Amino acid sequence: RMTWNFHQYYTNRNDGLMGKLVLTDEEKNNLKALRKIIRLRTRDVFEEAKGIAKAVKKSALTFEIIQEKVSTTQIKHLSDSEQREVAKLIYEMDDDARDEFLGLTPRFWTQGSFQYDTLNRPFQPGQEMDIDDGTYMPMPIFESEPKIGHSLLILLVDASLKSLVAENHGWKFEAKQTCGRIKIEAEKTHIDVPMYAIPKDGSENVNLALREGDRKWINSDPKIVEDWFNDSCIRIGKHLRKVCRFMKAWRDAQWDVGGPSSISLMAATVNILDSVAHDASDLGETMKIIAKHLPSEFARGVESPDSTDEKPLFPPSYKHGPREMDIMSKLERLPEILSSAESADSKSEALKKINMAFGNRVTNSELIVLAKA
């Protein structure tokens, strides 16, 4: 019978949902420039701290002199206590720890959606682009804590980020458990800088630094999820990134703050498209298929693609509190919204209904076309 088709509603890069979600080249370039600013400052902070250790290798300087040298570097932007601690850690280094520090140069690699290429323009006031650029410290393998030190490394990355925040109006710093964060409200953007220890020259030795707790390090390699997703796009096809964007857009529209993680949605969606027949020639039908199957994916718990990670991306239903129940409720409603939109009385009502899933972003009802199904 007659149905409304939404393939252009979703895919049109002029003014369909893809057109509303994909960053402009200027926006992408701005994020890349922000990342470069952070990377440069981090390299420079480490060179400064290393210059001091070089001085101490040459002559066993007093603590007071080491301190005064620390105070002329970007580390001056840390609190008095923290500056003292850097100075102390440099002062207390033995020959072997100091040598390895002198050979340490931070490396970089971007993770998250900027790297998955599924970063959406933010929807609701207050929502920001979640950007991640890890700092990697090549060091010998260690059992519980390396030479150089967990404390010194975090202090120097904090020094890099805090020195940028001091130099730029509209930038704020936040300490998170897994990263330092720079927030730039005015640009609807925050950039997260997790720090990793990695071997010197295969995921068993990539260690994420944790800011507080009974563990300073946890084995977590962002490349595992990155490779899994790139492999899934090749396996499933070009439409995978598109439907993941649409599910993330749904989430941004249903919750101002909160909702399921982007990775939980991506993992579930990959499982569905790997196992259920669908048709990239009609992404309206494909989204209906995904929507029909997401509730059962989420109710049983969404497993991480990284098998070494035993914490689910979303908990199974016997572990649900009010927030997970709220997510289940909105997941259950989504295929109903999409079905109702398909059988609406008019184009304008079709648009109104499907925009109750993705928000009022697409306004062009000409993208919706009368079809048979």
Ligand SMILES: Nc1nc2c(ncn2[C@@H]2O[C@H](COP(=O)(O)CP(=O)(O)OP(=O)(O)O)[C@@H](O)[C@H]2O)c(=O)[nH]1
Second form
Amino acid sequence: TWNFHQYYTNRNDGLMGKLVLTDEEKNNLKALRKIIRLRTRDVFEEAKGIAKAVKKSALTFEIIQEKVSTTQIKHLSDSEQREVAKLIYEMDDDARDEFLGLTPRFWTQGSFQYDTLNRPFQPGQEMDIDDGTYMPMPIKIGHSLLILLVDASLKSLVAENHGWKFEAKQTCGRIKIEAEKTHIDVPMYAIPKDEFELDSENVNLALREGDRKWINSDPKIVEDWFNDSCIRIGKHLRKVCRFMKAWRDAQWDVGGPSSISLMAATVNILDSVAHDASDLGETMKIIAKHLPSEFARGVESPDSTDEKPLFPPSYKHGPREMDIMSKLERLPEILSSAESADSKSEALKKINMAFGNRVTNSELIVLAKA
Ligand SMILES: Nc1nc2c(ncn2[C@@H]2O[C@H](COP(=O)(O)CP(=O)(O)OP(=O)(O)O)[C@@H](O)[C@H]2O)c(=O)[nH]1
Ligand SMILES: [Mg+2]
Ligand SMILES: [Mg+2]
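Same protein, different condition: the form deposited without this ligand was shown, now please give the form deposited with this ligand bound.
Complete assembly follows, chain above in first position.
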């Protein structure tokens, strides 16, 4: 019988050592994020610079379009630029006044915010940094204008860098850097101006496509929920969540259960089942043992304003969810097979069936005390 605690927790050779980013990479992501923010604010200042000229005197739509064609907004399509000119020109004094006082704000969400960002494993997998852009508006400024300006910022940054690519997503604009295994998501929110924690009921997420242009979604709910869960459960929650995410990354090159569903399920389990934090191999064994049941009945979002769960119950499972249940069902067998191995190296080889050949030091495993 073996102990796998150091295998998990060692900050040099252990799984944690392989998953956590170095201060360098962390700073490279903060640098990329700062770049995106600076560009967004500059593009907004240029558009506001145009609109102030519109307010200061009647400017034909051609002139307004000539001014747009000289700003960073020139990195949009000709039709898109024309659209920006239209929306700026068709603004009534009121909306224009609310636009001239709009300075965008920024707040990061996701793994980079609550410290669960793993180093990617398989090719195609990249570091995900989600930096949300917030728009202090009353209650309103054009949804199309805002989306177009943030798109103009991102594309203006892509036009300055070899290897960068722009991708349009439903909830966000994205800048992809394949060569550096990195991508930055920029979701956009509308928030009450005067108020600007903050009343969730008014934090609206912008949608790119569909009949619905906005939907009430506050990321501070998930961030606070997970932080609270971390305080309540302990320091090991973040670790085992990192381990579960690494397992997901090792079993699927692309796809698998969402990180947030693994997080919610892991939290539920560590909230309802007794475990020992001084031994994360035992804890991981218990978690693996209880996860299939948690996913089978469905995983409800820690956000009650979500109509749909993070993972649906079994009677709705299709090929995808049945595949996820197959691997979730396969994990405990792997941890048990590794637990009862004949040698250190055999146990390593067996547990690396679950986390991949990332930990190579078999000396991190030890014989369990009596
Ligand atoms: N209320 C909800 N918010 C969500 C949901 N899915 C994602 N999000 C929000 O998007 C944020 C980031 O989403 P991601 O897909 O990148 C999950 P996360 O970054 O934590 O994991 P990794 O990026 O894979 O390391 C997350 O913190 C949430 O605030 C959801 O189903 N419900
Ligand atoms: Mg993220
Ligand atoms: Mg993302």
